[PDB]
Each structure stands twice: as C-alpha cells, then as structure tokens.
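A single chain, nothing else alongside it, follows as structure tokens in the form solved without the ligand.
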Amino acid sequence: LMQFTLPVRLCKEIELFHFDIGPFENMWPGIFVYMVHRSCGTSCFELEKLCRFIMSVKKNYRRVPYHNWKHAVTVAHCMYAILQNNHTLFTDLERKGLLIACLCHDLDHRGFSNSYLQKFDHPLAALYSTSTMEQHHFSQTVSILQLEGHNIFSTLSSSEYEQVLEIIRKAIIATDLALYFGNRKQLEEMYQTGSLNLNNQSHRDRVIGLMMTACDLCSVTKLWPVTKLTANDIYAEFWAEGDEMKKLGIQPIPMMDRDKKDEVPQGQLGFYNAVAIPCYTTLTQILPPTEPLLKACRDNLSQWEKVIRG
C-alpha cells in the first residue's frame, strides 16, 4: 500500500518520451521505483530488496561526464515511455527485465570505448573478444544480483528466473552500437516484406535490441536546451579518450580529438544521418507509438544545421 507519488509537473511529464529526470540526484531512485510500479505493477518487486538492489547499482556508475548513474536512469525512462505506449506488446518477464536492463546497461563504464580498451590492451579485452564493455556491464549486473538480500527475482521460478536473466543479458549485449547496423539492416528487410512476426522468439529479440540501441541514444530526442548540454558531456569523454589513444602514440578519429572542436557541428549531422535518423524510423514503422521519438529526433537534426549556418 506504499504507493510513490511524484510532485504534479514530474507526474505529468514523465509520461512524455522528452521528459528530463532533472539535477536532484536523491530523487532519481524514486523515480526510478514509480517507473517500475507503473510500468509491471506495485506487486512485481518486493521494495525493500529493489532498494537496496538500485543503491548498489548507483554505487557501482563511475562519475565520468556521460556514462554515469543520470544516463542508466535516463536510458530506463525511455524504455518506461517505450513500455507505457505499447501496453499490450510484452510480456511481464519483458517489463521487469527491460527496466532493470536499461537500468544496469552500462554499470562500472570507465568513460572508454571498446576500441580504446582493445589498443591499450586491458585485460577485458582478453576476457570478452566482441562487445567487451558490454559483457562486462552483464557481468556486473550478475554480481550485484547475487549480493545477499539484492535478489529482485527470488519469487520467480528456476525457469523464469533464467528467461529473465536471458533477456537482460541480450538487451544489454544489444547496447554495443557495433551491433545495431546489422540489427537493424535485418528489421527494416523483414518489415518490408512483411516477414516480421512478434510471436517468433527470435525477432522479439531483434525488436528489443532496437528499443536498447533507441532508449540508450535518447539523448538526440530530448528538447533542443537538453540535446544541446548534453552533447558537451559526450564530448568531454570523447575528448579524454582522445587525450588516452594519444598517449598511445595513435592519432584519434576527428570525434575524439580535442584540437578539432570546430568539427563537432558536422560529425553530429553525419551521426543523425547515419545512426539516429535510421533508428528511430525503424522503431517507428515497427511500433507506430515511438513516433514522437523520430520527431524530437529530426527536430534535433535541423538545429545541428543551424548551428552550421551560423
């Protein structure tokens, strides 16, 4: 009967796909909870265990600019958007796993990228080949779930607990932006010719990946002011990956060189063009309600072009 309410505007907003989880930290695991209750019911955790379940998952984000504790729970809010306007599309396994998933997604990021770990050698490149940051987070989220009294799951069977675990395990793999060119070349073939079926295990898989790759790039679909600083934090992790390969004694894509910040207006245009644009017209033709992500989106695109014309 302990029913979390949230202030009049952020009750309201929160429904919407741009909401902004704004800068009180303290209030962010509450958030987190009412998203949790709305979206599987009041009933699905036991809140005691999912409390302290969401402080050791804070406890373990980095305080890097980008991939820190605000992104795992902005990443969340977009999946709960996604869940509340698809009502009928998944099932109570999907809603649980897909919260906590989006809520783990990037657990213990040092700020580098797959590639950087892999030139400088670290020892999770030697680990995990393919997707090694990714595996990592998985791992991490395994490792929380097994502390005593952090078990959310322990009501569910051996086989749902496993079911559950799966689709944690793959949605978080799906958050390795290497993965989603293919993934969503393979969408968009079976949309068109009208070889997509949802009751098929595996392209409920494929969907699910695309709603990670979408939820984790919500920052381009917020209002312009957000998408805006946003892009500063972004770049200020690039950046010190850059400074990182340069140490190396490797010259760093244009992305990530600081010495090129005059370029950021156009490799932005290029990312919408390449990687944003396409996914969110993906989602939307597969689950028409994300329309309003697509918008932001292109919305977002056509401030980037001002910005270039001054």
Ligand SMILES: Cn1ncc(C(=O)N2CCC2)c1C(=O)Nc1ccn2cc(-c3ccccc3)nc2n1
Second form
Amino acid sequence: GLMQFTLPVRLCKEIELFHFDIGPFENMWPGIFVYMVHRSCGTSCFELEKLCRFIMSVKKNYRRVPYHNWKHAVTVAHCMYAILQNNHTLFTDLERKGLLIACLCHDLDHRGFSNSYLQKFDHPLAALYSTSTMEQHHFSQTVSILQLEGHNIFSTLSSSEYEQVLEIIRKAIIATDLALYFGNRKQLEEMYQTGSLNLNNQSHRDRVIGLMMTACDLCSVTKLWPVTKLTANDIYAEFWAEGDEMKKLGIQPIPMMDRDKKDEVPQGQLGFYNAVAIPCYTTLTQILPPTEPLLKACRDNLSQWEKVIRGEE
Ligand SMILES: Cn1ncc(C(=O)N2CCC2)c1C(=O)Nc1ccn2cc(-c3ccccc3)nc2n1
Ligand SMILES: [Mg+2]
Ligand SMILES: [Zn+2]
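Okay, that is the form solved without the ligand; can I get the form solved in complex with the ligand now?
Let us now look at the entire complex, which starts with that chain.
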C-alpha cells in the first residue's frame, strides 16, 4: 500500500508529456506502466502482486516482431495515460482502470500481419472472426490472461462493475481496427459540429473512447522527429515482410507493402498524415481541448515528411 514506484528525475518529468519515449531499457517498462496506473487510477486500483503477475503474462504473449511488440503496448498505454492526466474529471474510475489495461493488451499475440493477409492466407483466425480478425483475437487473449490463477486484477470489483470494465476493454480493443476509425471519426465530426455530442450518452462516450484508442495507437506520429522516423523503419519492416508473403501467395501487394517501392515512402506517409493522423488528432482536440499537443506534434512531423520529399532531408 505504502510502496510507490518512483522514476529518475528526467523520466518523472518527461513521462507527463505526450511526446515521451519510454526508452530502450525493456526492464524499466513494467515499472513505467505501474507508475502510470498508480498516478492515473490510484495505488489501491489493483493488488500490486496481481498487477505485476498480469503485466509479465501480457509481456510474454507479445511476440518478437519489429513493431507490434511489447514496446508498442507500453508506448500506447503511455499516450492514454497523458490523455487521462490532462482530462482529470472527464473519465469515471472504471474507465481509467479499463483503458490503461486495454492499451497494454490491445495487440496481444500480434504476428506482424494485417487482417487482409490473414483473410488471403485463409488463416484459422479469419474463419473464427470475419471482421476485426486480429482485434477479436487480442480481446480473446486479454480474457484468457485475466483467467490465469492469480491474474484477475479486477477481482475486487462487483459483478456489474466487472462486466462494465470488460465491456470498456472489449470496445476499446475492437476500435483499434483502423477499418472502423474512418466512420467513427465522421460520426464524431458531425455530432460535434451539429452540437448533438453528449458525454452522458453511453454510445457517444464509446465513440470518444474509440477515437482516443486510434490516437494512442498512432502516437508514433506525435513524437519528436527522430523517434517518428526510426519507428517508421519498424512499421515498414512488418509491411514489407507482409508484402513478401503476399508475393508467395502469388498476389502483388499494395505499394505500402512492396519493398521494391521504398522510394515512395515519404509521399505514402503524407497521404497517411492527411487521410488518417491529422483528422484523428483534429477531431480529438475539438472534443478534448487539452490533447492539442498531439495535433501540434503530428503537424510538425507532417512538415518533416514534406522536407524529406523536397530533398532538404
Ligand atoms: C506511421 N504509421 N503509424 C501507424 C500506421 C499504420 O498504418 N498502422 C500500423 C498498423 C497499421 C502507420 C503508417 O505508416 N500507415 C500507412 C498508411 C498508408 N500508407 C501508404 C504508404 C505507401 C508507402 C510507400 C509507397 C506507397 C504508399 N505508406 C503508408 N503507411
Ligand atoms: Mg492492432
Ligand atoms: Zn497497436
């Protein structure tokens, strides 16, 4: 109970900022996550022994892939921590509990392949889950780990609070399917503009939490340029591996996944910032003004990709 986690001074300060990078010391990441739960949720939210056991089982069930790995899980949870800490009074006690766990678990057992590749491979997961294939799997893996003896960090919730938190986690993880983002943001854009947006409306909160999940999931584009640029290499390492596997099935991959078309990455990133990233952080900043630093950082990174094309870097 009286056992806090404390970070060194530079991390204690910078962890509060949206653009924080969790660093290359893997052994510090569990402590970073517990620190964020304690400050975001409370030192009482979870039994430390159970939380520590939950965290190490989640880590074990992330694979050694270039991008969709344990570092991504903790990185996405930190972005959620910064959103929750800058929007103190907007979120319920259950939501703060659920959303940090949702972010940590959102890509459990990712193989580094898209929903499309699983469908074209005819992977068993594609027969079990026709849409949001990997995301239904990630939620399945979360429930499985929660049911390991000693791992139920929600044991002290009432039956109804427990069903509510698992429903928050399920919707939050499903919303990380980028196929669902486009329509979620359009509906949120209209509701904000026509003034019908209502945070007491559960289905409205669900939409807002979904956009927060997209914002945390894409948060590579909101870091300092050197972090953004080096994460891109890991992202493209997976895309190109999937491209290779598409060619093995006798299918020409989209340019994004074709390593022969490396040259066109700068312009591909522009399309992505303009079609996905900027609209995401713009709508999020409209609904939650204190998340504006995410939009400002994204615009700075867009400008950096424009500089790459122009040959200035
Ligand atoms: C940075 N970041 N953050 C998240 C994601 C992303 O998508 N998710 C991670 C799992 C999914 C991305 C991304 O980089 N996404 C796109 C999206 C469209 N693109 C098109 C091209 C392209 C390249 C060369 C040649 C031609 C086109 N490049 C693209 N990149
Ligand atoms: Mg995912
Ligand atoms: Zn993710």
